[PDB]
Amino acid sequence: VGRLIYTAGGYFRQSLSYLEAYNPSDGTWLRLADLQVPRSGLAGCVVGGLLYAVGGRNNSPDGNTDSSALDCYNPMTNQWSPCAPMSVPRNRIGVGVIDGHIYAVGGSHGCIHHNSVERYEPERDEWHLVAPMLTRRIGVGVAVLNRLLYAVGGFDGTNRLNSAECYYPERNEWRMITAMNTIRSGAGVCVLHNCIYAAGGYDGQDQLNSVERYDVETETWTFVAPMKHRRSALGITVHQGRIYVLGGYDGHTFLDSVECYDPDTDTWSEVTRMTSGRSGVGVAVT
């Protein structure tokens, strides 16, 4: 029907404030109401055609705080609103949406590497705490598939993970699943058809440009065609059958490169730049 990519916040040597929109029907960008406090390394999602930005961290030379903020944006009124904040602050969080609920997983606070999980019921503006995961994970990708939630990669605070776990909402329990082929902390995670894609991230020595997917039928991680640029902590989303990756860090420079992946051709192609180079940005589509 025709929709917009939203990219909210980011980090370009400090926490950014920009809420920006992209339209690939005309390859143009939009500027929208900025964030009512700069956050970096949060996560975005859309619930009931409203956009939510969760957690993250405000980094500035003027000190640096972790955020338990949950702030909804309305593209119909171009206004942010604060919503009930989470139980704890989560920097380098991941989120998933199930059944019109917001699941927030892991991420940092102070030195404490979280492993807890909480559900926000939008209809009641309430955080309700759920079953913690089997590993502590910060900088963790999350995908929702078949009404299940997939926590992938991440960092436990002592070494960089290559593990994955699966949460059964109906049962409220966690299980480990097939570990990945490569260590990946702060990679980009999402669903395409019946596969869990995981692009980029950090391993401990280098930035990554390799991608792999997971098929729940075949319980296996298969390597796919790499991205043109190596990138850690990047935005990622899907629209009309393609993966769009926004920004990230290449071990030197913060990218403005947005790359697109057509699964039909299994080829990557740069589709735009962004208005400024940035990392740690949370992303969504409506």
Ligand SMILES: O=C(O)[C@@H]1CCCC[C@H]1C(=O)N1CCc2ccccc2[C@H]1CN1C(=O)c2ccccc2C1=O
Contents of the next structure:
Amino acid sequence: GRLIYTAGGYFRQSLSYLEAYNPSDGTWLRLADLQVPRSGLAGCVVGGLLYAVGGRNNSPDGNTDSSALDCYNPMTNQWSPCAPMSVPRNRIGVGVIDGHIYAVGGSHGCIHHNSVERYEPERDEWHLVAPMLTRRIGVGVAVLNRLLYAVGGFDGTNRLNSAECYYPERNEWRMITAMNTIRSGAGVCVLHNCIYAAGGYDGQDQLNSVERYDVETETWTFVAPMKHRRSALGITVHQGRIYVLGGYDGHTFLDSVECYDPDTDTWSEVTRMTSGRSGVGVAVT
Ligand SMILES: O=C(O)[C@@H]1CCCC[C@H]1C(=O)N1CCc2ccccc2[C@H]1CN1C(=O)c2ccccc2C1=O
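Return the structure block for the form deposited with the named molecule bound; the form solved without the named molecule was the one displayed.
Up next: the whole complex, starting with the chain shown before.
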């Protein structure tokens, strides 16, 4: 009964929606809105709990970068406040290692963070770990073999095709091989032991392309495109299949949800969101 949770986003202003997709029966649930609307946030899950991390309230009465961490219980349909981050991080990436949420990069104003902090749920505290080699907002994050990979983004001056790896136990970052395309606000996730960098923004155009990093060959490889060039897309994995949700395609805020089958090497559209929206965060539980 694991759902695809889609939290926050942007249409006209930052959104509050929390809604869930059942790929099995194709339904959408409407769930308890966020307390404070936010876009450019990230989602993860730890221990059957869903966390919305960072982002931004872009509203009519002004506009404010999030240091927030809020936690949702599906068992209670309730959001609870959580210890805020040391800094606010809009356009943030997040991953999980040992039930520990890594808050990676993001922006405050146009202060572009290279810094990373680890949240620990039991104790409810953030601590700073070793900073990335590169400031990164619009960054995708992928956990793989208990290594944390930060992929692209936008360093403050140029868009990024570069990726780097964190070694949690050594507390160190190391540059891995750069992507075929430059990607800010791509969808980054992991599937069958490869890192997928889906869509994003390359400077000139919004992207439909997708390439997957083989961690042992050290090689990025294109795979089938999406049908809808997109960025600021939500991404996740659900039963051997990648789900890209929504996004910004240059002109509109997409409601489309496309689905990658790695075996057939194809995407198909499987549902629509209830309303078009960019820059959500999504997490499965
Ligand atoms: O967070 C912000 O600064 C933006 C405020 C205006 C629209 C929403 C925010 C944004 O720029 N987003 C969504 C969050 C996000 C996350 C990762 C990578 C990129 C983004 C961007 C995508 N994006 C635009 O660049 C943009 C430019 C103009 C209109 C709408 C959008 C839009 O959704």
